[PDB]
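4 protein chains.
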Amino acid sequence: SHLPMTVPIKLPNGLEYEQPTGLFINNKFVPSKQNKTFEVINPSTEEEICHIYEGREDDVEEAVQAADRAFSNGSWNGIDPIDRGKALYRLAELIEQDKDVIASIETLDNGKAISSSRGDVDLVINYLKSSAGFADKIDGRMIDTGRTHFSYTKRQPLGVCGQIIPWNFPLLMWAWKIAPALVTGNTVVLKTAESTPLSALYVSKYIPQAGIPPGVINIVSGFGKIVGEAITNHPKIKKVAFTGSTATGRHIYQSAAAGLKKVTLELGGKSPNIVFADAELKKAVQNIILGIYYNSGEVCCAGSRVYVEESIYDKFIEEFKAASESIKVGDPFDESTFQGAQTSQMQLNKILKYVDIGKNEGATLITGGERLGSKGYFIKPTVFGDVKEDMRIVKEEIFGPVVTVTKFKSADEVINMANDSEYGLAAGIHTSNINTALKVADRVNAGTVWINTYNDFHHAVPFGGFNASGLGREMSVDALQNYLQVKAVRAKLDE
Amino acid sequence: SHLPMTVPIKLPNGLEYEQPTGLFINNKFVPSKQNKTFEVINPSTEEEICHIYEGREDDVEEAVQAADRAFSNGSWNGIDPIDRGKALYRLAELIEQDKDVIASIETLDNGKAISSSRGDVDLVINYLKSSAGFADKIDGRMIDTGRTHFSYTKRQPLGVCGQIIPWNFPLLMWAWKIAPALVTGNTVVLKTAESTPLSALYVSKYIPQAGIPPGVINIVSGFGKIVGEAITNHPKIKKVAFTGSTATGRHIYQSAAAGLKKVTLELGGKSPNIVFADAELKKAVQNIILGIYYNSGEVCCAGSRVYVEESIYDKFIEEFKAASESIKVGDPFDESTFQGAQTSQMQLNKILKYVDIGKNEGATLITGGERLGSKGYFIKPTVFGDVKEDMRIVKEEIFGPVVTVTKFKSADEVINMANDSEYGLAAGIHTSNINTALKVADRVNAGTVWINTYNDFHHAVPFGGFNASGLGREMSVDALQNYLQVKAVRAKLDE
Amino acid sequence: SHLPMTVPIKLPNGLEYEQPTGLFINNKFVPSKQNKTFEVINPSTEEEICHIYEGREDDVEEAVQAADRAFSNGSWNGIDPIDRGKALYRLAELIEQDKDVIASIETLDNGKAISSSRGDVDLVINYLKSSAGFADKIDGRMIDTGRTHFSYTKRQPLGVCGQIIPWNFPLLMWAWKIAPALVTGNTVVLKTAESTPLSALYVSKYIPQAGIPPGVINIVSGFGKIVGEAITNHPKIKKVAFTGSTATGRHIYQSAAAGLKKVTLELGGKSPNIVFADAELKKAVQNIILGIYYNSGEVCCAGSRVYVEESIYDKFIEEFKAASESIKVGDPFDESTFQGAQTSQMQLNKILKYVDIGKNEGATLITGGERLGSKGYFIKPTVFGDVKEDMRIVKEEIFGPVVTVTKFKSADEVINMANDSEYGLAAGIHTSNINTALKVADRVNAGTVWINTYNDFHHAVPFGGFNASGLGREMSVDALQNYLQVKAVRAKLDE
Amino acid sequence: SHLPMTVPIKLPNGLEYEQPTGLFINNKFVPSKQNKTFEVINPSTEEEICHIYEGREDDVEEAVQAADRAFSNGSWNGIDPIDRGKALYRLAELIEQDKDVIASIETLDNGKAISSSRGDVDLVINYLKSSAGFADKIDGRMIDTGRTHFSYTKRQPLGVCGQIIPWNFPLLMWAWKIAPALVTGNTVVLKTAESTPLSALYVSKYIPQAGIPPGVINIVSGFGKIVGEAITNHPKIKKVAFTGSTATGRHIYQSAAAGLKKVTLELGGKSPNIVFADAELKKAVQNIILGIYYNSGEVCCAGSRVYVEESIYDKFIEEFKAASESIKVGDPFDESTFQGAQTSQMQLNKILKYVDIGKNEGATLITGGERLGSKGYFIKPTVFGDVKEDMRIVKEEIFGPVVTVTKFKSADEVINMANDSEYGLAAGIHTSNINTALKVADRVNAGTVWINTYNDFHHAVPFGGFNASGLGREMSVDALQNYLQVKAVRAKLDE
Ligand SMILES: NC(=O)c1ccc[n+]([C@@H]2O[C@H](COP(=O)([O-])OP(=O)(O)OC[C@H]3O[C@@H](n4cnc5c(N)ncnc54)[C@H](OP(=O)(O)O)[C@@H]3O)[C@@H](O)[C@H]2O)c1
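Residue numbers (the deposited numbering), protein chains in the order written: chain C, 25 to 519; chain D, 25 to 519; chain B, 25 to 519; chain A, 25 to 519.
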């Protein structure tokens with residue numbers, strides 16, 4: 025079809041890279057059944073990188089059948105669990121050995137500064153190595169009462185899971201969906217993001233070396249509304265895992281519900297940053313900045329609502345504004361930058377639209393709002409203020425580099441304000457007074473609370489939203505609760 | 025309205041009973057806002073007992089607002105948990121003290137033989153006393169890594185839950201819905217069954233003595249399709265708990281899903297009884313009988329599929345048939361009976377319809393199928409056989425006193441047969457060979473497996489369905505997992 | 025023998041009390057086999073209260089044999105654990121109903137102000153009710169690997185335990201030794217303190233009502249060096265529980281070790297109070313005072329080492345001294361007092377001896393050291409200062425109302441000082457800076473750390489010493505670990 | 025001293041091996057301070073292998089000081105625990121890569137057939153890899169009550185542990201003592217067995233590659249009564265771990281007790297094998313044989329008490345005797361052998377002495393008792409029978425290839441017999457009846473029970489003795505409980 029399984033790619037920073045194509049089923053790279061293809065575009069070159077075979081419903085079905093066999097033939101299940109664990113551990117090491125290209129690849133796929141993409145690579149590796157350690161720790165329970173009966177409970181894997189990957193931090197999105205599944209004996213039919221698919225497929229070449237038997241991991245990519253329904257509406261799949269926009273979330277929920285499937289979801293949201301008169305402003309400023317510009321602002325918990333205690337208001341804003349002048353924005357393959365590119369023009373247009381809405385509803389613009397020149401998806405960062413609590417700009421999700429700063433008069437009041445919304449994912453607190461910190465942390469309702477820090481992740485700590493914003497958890501030991509179900513056996517003994 | 029808050033009821037076995045009416049909100053008995061009423065009928069007299077005020081949407085809304093205040097004013101939450109526990113414990117004792125009438129009341133409400141209704145009263149009491157013990161045991165977790173950070177996780181109550189009660193075993197249905205909620209700090213708006221509402225309201229008179237503050241428990245009754253939607257579609261309710269028919273289950277799921285609510289469900293199902301040549305037939309026969317006639321057959325796990333190993337087939341059926349001749353059926357207030365009445369003519373007609381279908385599709389009738397005379401909802405118990413695996417009668421749910429017996433040739437084959445269905449709630453095994461018992465129990469897929477016993481319940485043991493048949497668990501410690509969610513806090517320490 | 029089983033006692037505050045005598049074996053009150061007796065003396069009257077039969081080795085042996093039967097006949101063990109739990113719960117209620125006399129009795133036994141004895145009664149009741157809740161929560165574990173094996177672990181009670189009661193807080197000492205035993209199925213041969221034996225026996229009259237079968241609880245009293253060896257050196261007893269002086273602790277350890285017994289111990293110790301410039305002095309002063317005068321100073325963790333940050337030194341001491349002038353000392357049956365009497369002249373002489381040593385080695389006396397008049401065991405409270413770290417007075421245990429205050433220059437230094445000793449039971453911190461509190465708490469080594477509070481107990485929180493000072497824990501769920509051992513069973517399945 | 029740090033060793037099966045000498049302190053190989061040496065002898069050649077420097081008290085002290093620094097400088101402790109884990113994992117792989125020599129070395133050290141030494145190498149590797157997985161799973165607990173307080177508990181490493189290695193299975197003895205320590209942050213001063221020291225030192229060469237910082241692992245060897253006291257009586261060591269003979273156990277307990285140290289111990293013991301008429305004799309015979317001849321009989325749980333149900337007695341003994349004729353005994357470096365050599369002439373003489381006692385007290389000898397020729401420590405295996413329950417031979421520990429077979433009449437009686445002793449380490453059951461197996465397993469008291477299997481180990485399953493025979497556990501997750509202690513912190517919040 026004039027599309028060889030691999031294509032040589034030249035990377036801008038001196039690297040030779042061979043990029044695979046096709047779908048990955050039963051550990052083989054294959055062309056799509058209908059012979060369709062689509063073009064992959066570089067976000068800060070505005071140019072073609074390569075062509076990838078496009079999957080369709082026909083291939084989705086094959087992947088499902090493969091996953092079934094992998095589970096039902098017992099090769100992944102009827103084992104000494106320690107072996108399930110060892111294979112994952114090795115895979116993690118194989119990845120570590122190729123770090124230089126992997127970081128470069130991600131940078132190419134999404135514009136994330138190379139200076140930080142490296143961080144995620146290290147994080148994902150530690151995550152995988154750790155989670156492998158649970159393979160032989162998933163215990164059942166003995167219920168012992170009386171002298172005539174025996175009772176036990178045992179945990180079992182649910183079956184085939186369908187999973188959807190977004191495009192914010194592809195490496196982590198990958199690991200958080202696959203490792204919790206594999207470790208308990210589940211198999212996966214995974215949908216890769218269409219806009220940034222390359223790194224996800226590349227790393228699959230190591231699966232056969234790690235020794236994961238064919239059929240356990242199946243990777244399919246193609247356009248979302250097509251592939252998505254092909255997976256979520258199939259009768260075989262038992263569980264559905266999705267992250268994204270609220271409206272989509274509801275829609276998926278209605279369809280999945282029809283089959284009585286188990287469904288987990290994570291939506292985006294908004295979060296407060298409460299700054300008290302006790303904290304050193306110099307430190308608070310650096311933390312607030314990180315929290316709103318990191319990864320081009322395309323972050324699920326990069327809250328924009330900043331509340332500053334009145335007595336320090338004047339200085340927080342004086343310094344914050346001036347500090348922003350130094351945020352170097354530019355080439356993703358330049359270790360000196362901080363801000364990179366946006367994923368595509370879609371999001372770019374959306375962001376700019378809201379900037380204009382803000383100006384018309386009556387928000388005061390302090391800085392930015394301009395496109396950063398004519399080429400590449402870049403936006404000059406903004407600050408808004410003197411925004412009344414009823415403004416649309418403080419209810420809506422921007423998912424970009426826009427921050428709004430308002431006033432704070434009393435602790436009880438800030439708590440009440442912080443809690444008045446449907447999007448309970450995270451919150452941050454800046455102070456030194458032990459009483460205040462404990463009080464606020466235990467009264468503000470959010471998935472997670474960060475004290476004198478922000479965007480600080482660790483593999484042992486769970487993450488997910490409190491009410492409307494979501495159902496289930498992405499990380500740590502508790503994450504495993506949603507991949508398992510409990511069976512119970514009771515027996516009567518005559519004597 | 026000519027409906028006093030209480031009415032004297034004379035019970036047939038020498039008891040004086042005062043029956044309350046009205047709705048129970050903020051610990052008060054009140055008349056319904058629209059002044060509507062409906063009549064309560066005696067299942068084996070075919071006669072009127074009393075009139076109850078009928079609730080409507082207007083009252084449902086009030087109950088919701090009450091529940092909200094109970095939660096948000098902190099009186100139930102900001103406490104030393106041990107006190108939450110103590111109040112529940114006392115309530116259980118107050119109930120124990122009135123056992124004689126309570127058993128009589130249930131008998132009046134549903135036709136269950138008095139000889140067994142007593143059992144459930146004792147079971148529910150032990151259940152409640154035990155679960156009270158978790159009030160101060162619901163611990164969080166400390167995550168300790170590095171020397172610069174602190175991490176903890178804490179469990180929090182979800183909020184207001186809506187709950188629906190069926191009509192099979194009202195006392196237990198009550199306890200399994202309320203106690204897991206109360207123990208963690210949740211409040212409840214509960215819908216009582218319309219056909220058998222009396223015992224559920226009577227026992228509420230003790231709530232004010234136990235000391236549960238007003239607003240925590242709200243009891244509303246009225247017609248299902250009205251009240252039901254009034255609760256499930258309200259924006260305040262966070263969780264929905266429902267049990268019932270498969271079709272209804274799906275419907276509720278679609279509506280609840282629209283609000284991204286947390287939804288748990290239990291459907292009915294079917295179950296096998298696998299009888300091996302190793303077991304003593306005399307014992308197997310008594311266990312099989314219990315499993316199909318207990319509580320008039322209106323039992324969620326009273327499986328009708330009986331598989332008998334070929335070498336003993338002739339004797340199992342000879343004895344089983346003859347044994348059934350002794351199952352005394354009659355007056356619910358007669359300690360000598362075994363079988364009581366059916367809930368209503370609706371179910372009666374349904375059962376008889378299927379008996380006729382069986383005869384026409386080609387099933388062989390061994391015994392029964394007749395109505396047991398002209399008065400009261402009674403059915404003469406049946407046995408079918410020589411039924412091919414494709415028959416409608418072995419796919420459908422009867423939910424009544426109908427059993428089908430077939431042949432078994434080989435253990436691998438019975439396992440494969442047992443698993444071929446969507447309704448995975450329970451299974452039973454009858455044998456003496458340790459190898460066989462362990463093999464089958466770990467290969468037949470079901471919510472729960474009973475060895476050499478049947479319908480044997482204990483408060484420490486969990487219960488619920490494996491795949492299609494349900495989501496979540498009704499009893500024991502693991503039940504609490506679905507009433508709680510986890511929050512996490514991470515903090516950075518400078519030094 | 026002219027000693028009736030009961031004697032009328034008149035209590036000074038209008039109460040009629042009947043006091044039992046004899047030993048309590050198999051739920052019966054019996055006279056001692058050798059017909060010996062001893063006199064009980066009132067600590068602040070200096071006068072005889074009553075005579076109690078004195079036990080001997082002969083009776084100790086009977087108690088042991090009784091305990092054996094209680095265990096081995098299965099009546100306490102082969103049950104639905106929930107029943108073990110219920111009996112304990114009731115016993116706790118029976119005690120609650122008689123609170124007025126119980127508080128008065130303790131006051132009579134040890135001089136503790138009535139104003140605080142009431143507190144311990146409430147605490148012990150909550151403790152017992154809570155721990156009863158574990159009767160049916162002590163679970164085993166299912167180990168599930170491979171497809172050919174089965175593995176489980178189950179916890180079992182150790183057997184007959186011997187226990188020793190000290191004389192500081194008899195009600196709690198009682199509960200902390202008995203309830204953890206009973207809840208798991210162990211039986212106990214308990215030695216009651218000889219100097220303050222009355223309340224311990226009185227409450228035993230309720231055991232037969234609660235429904236604890238005879239032989240489970242056996243109460244014997246008599247002189248320590250006799251009865252003690254009679255228990256610790258017997259071949260039947262499996263576990264030994266002791267609290268007391270360091271030297272005694274070692275001695276018991278050497279004897280118990282000879283039989284390979286399981287031995288737990290708690291010794292007294294010393295603790296620092298670190299006061300920072302950040303804390304409000306008014307609050308710090310009240311907490312420091314409580315911590316050194318509560319319960320006449322006869323408290324295992326009433327640390328005397330006070331470290332005050334230099335910048336506030338002058339005011340801490342000015343206020344502290346003046347504040348002490350208000351500590352009313354007097355009649356135990358006067359709600360207005362704070363300080364009561366010492367247990368006996370033995371301890372009184374010991375305390376005074378050390379005061380004199382202090383004066384001679386060179387400590388500066390600020391106040392007190394005088395006997396508080398000629399009648400009753402009362403001591404005027406003291407304060408010392410300008411005491412060099414090498415002084416004997418800051419190495420030795422006083423176990424009385426003596427406090428020493430020194431200087432603090434730097435946080436690292438105070439941590440290093442705090443940790444330089446063998447007696448690691450507790451520590452306290454007074455501040456408002458979250459960083460400091462977290463740092464110190466995680467660097468000072470002690471059994472337990474209290475922040476901005478002192479002597480603040482709760483049934484859910486564990487307690488015991490870090491290194492030399494002890495082995496094992498007195499309270500909360502973890503306490504149960506030392507009353508149980510684990511059995512494991514593994515089985516191979518052919519198919 | 026004419027002793028180079030390494031010596032070339034030629035192995036009989038074609039291998040070139042370089043053997044190190046000296047002590048291993050701070051990751052260096054050093055000569056002993058007093059320049060003493062001793063000779064290593066080959067058990068089935070009766071000949072010199074090499075000379076090893078002999079350690080003394082002076083070196084023991086250095087090792088202790090090194091361990092202290094390793095702990096107190098924080099390099100092993102103040103880390104992200106995941107790194108502690110990774111280093112151990114790598115070490116395990118380095119060992120796996122050198123399996124061929126390691127198995128050969130052990131064979132040289134103790135005469136164990138090469139055909140089975142390989143098994144232990146594989147077992148130890150899996151064990152180490154698994155336990156590494158707990159590095160970041162050792163969690164603390166959050167206690168959450170009220171609204172004014174905070175409570176947490178955290179686990180901390182005890183400190184420097186002293187450990188003693190026996191000579192039965194050196195590879196496992198090594199791993200079971202070191203890995204549970206390292207994983208929690210403890211450091212170790214280890215005493216290597218004097219009679220079989222070589223493999224233990226060889227493997228230490230990989231510690232520096234794994235990356236374990238110097239001072240964490242210190243290996244010292246020399247004569248037992250000297251080195252032993254040097255460690256157990258030192259004031260720095262906090263914990264003592266010992267396995268061995270009962271008398272020694274008691275002695276160590278008395279000394280360690282003097283310092284209030286934490287002491288764990290495992291003694292040998294005896295165990296029953298209960299054979300029922302239901303089991304296939306062919307299988308029972310093979311399992312009984314393994315259980316008494318494996319590893320030359322020098323096994324802690326190789327029980328010799330065989331009880332055979334009367335109805336099958338004649339055939340069990342006919343077959344068992346004949347079967348023993350095939351147990352090939354010979355050269356350790358011959359894959360076809362089953363039985364190898366005894367450790368030394370000491371044990372050889374002891375065994376033979378008991379054979380003679382048996383003959384004189386009146387036991388009937390069925391077979392063996394002869395020395396297997398004049399060269400090498402070999403014994404021809406024996407069988408005794410018609411031995412009355414009072415015979416010394418059935419009370420004493422042989423720790424060699426001697427089995428006694430008696431009669432069994434009734435299940436209750438065998439249970440009562442099985443339990444009549446102080447040495448409760450293990451028991452085995454042979455049957456097919458589920459009721460019998462469950463009954464006996466839950467009535468016979470032993471550390472562990474094996475059903476239709478024997479000597480079947482797995483890393484996830486715990487092991488240790490029930491009463492007299494020991495205190496503590498060697499394997500699995502529960503083993504970690506004795507290397508940690510709990511600290512608790514409570515804090516009061518003003519608001
Ligand atoms: N797994 C088991 O059941 C097991 C294991 C080992 C021994 N044993 C028993 O040992 C019996 C005879 O062997 P044995 O007399 O040589 O055993 P032992 O003296 O009890 O052996 C104990 C081990 O620890 C060392 N040791 C002994 N006493 C010590 C002390 N006071 N201080 C420090 N270290 C000390 C010894 O090292 P050195 O003697 O080499 O100096 C020896 O290897 C056998 O019959 C067997 O019952 C059983």
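Honestly, the hints are just simulated from the structure, not real lab data.
Hints may be right or wrong, so weigh each one.
No copy is singled out in the list; a pair is fine if it fits within one copy or between any two copies.
Quick list of in silico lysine-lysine cross-link-like pairs, BS3-like style, CA-CA up to 25 Å [said to hold, decoys possible]:
(1) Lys419 with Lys433
(2) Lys249 with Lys178
(3) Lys306 with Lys399
(4) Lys404 with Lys110
(5) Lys260 with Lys419
Here is what the structure says about each hint:
1. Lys419 with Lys433: This pair counts as within: shortest intra-copy Cα distance 21 Å, inter-copy 52 Å.
2. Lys249 with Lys178: Classified as neither; 38 Å inside a copy, 38 Å across copies.
3. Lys306 with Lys399: neither (35 Å within a copy, 66 Å between copies)
4. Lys404 with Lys110: neither (47 Å within a copy, 43 Å between copies)
5. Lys260 with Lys419: For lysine 260 and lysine 419, the Cα distance is within 25 Å only across copies (20 Å; inside one copy 39 Å).
Figure legend: structure checked against the earlier numbered hints; hints not met, in rising order: 2, 3 and 4.
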